[PDB]
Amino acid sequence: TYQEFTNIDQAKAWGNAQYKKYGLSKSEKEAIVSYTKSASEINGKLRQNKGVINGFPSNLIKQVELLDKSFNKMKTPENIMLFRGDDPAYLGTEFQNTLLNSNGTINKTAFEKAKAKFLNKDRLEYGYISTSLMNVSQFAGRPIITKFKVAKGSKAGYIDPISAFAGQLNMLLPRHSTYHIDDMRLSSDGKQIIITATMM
């Protein structure tokens, strides 16, 4: 049983309540703000290097170590569900230019091939995972929506107050996370794939 927030006021109150007691240091807050501005670049470098940071520039090694350390203070007090939007390349190079029909809907054949590739499989992410407490506007245009089931006691932080995209109920999960794909379905209007996954 995982808490899915369905009310914006409820989600914001819960998020603010967690943030109030983290006690993040000045340098930790600075590292997080900076991450939200350059997330795709940082996560891309982590993926290219399979999580090995020893050869990174000195500034970036420092930042990654601060982000990692930040999670010693940020844990969820209950089973929760988190949301994220992704573009077609998330499924592989063979889906980048095939997933979408010209009219914006998901191509049905490509959907079936993506389901065969990923359903009931584990996936390892070398980057951090930026998410939200709800299905928010910052990724309404994205063709893939993932709902992550995160267990009580797991590392997870409400970072909305120290995010460049404040107002979007922003949450962060740690790098090198693994999750199991439980379900993949087409939305009722055929414009998105909805994925359900359980975090390990």
The other form holds:
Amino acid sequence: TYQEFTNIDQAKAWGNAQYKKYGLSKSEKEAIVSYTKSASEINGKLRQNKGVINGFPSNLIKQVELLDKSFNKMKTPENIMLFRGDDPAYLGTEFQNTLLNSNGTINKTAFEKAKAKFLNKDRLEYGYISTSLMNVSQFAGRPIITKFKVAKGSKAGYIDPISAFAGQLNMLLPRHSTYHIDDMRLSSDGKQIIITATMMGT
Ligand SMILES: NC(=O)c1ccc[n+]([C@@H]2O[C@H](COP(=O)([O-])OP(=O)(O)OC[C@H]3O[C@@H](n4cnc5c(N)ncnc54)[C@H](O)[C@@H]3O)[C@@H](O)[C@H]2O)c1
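The structure above corresponds to the form solved without ligand NAD; please provide the structure of the form solved in complex with ligand NAD.
Next comes the full complex, this chain leading.
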């Protein structure tokens, strides 16, 4: 199965053990601390351009190339579960202002439709994907939590040390990854959607 971390201290210690062996260059370091400052713009942008880079500003082509190069030194030694909060727009423009009932919970119709659109499908992401070793308090409050199951040996780095705001168990997966949506259910208390997905690599 997949190591789901449950203790904040073994998680931070396990990240630390991984980070010390990376042997990253100082320019790859600068490129990451950058990435965590303006993550959404960069993904926001890469989405609209369907991953093709050849024609961007020089600042970004040198940045994105370095980010992709980092992942040669950053690999997980075991199957691992990573987490992520998301807002409604993540499901599509038709879910942006329909997904939440006024009382803060999920609309039962909106969820069924989303369930149908996405259950048992693959999904391709052009942005990098930012995740966390546990369901940290910074993002656990968004209406959509995703658990990713990530196979031993995959590209995945603990970039918490070189991140703008640290102590948030920050992991990064590479751009242009693909994943398959296994489950989509409502939480116990009805205010969330818990999605479960397997990283198909890429
Ligand atoms: N959200 C998390 O689980 C998480 C985990 C660890 C670190 N971080 C940190 O937070 C910052 C990045 O947060 P982020 O992950 O929200 O940025 P993001 O680039 O992944 O997405 C930005 C916003 O757009 C939405 N979105 C994602 N895909 C979309 C799509 N295809 N169409 C329309 N909207 C879409 C997301 O729900 C999010 O609200 C960085 O500082 C990063 O280090 C976030």
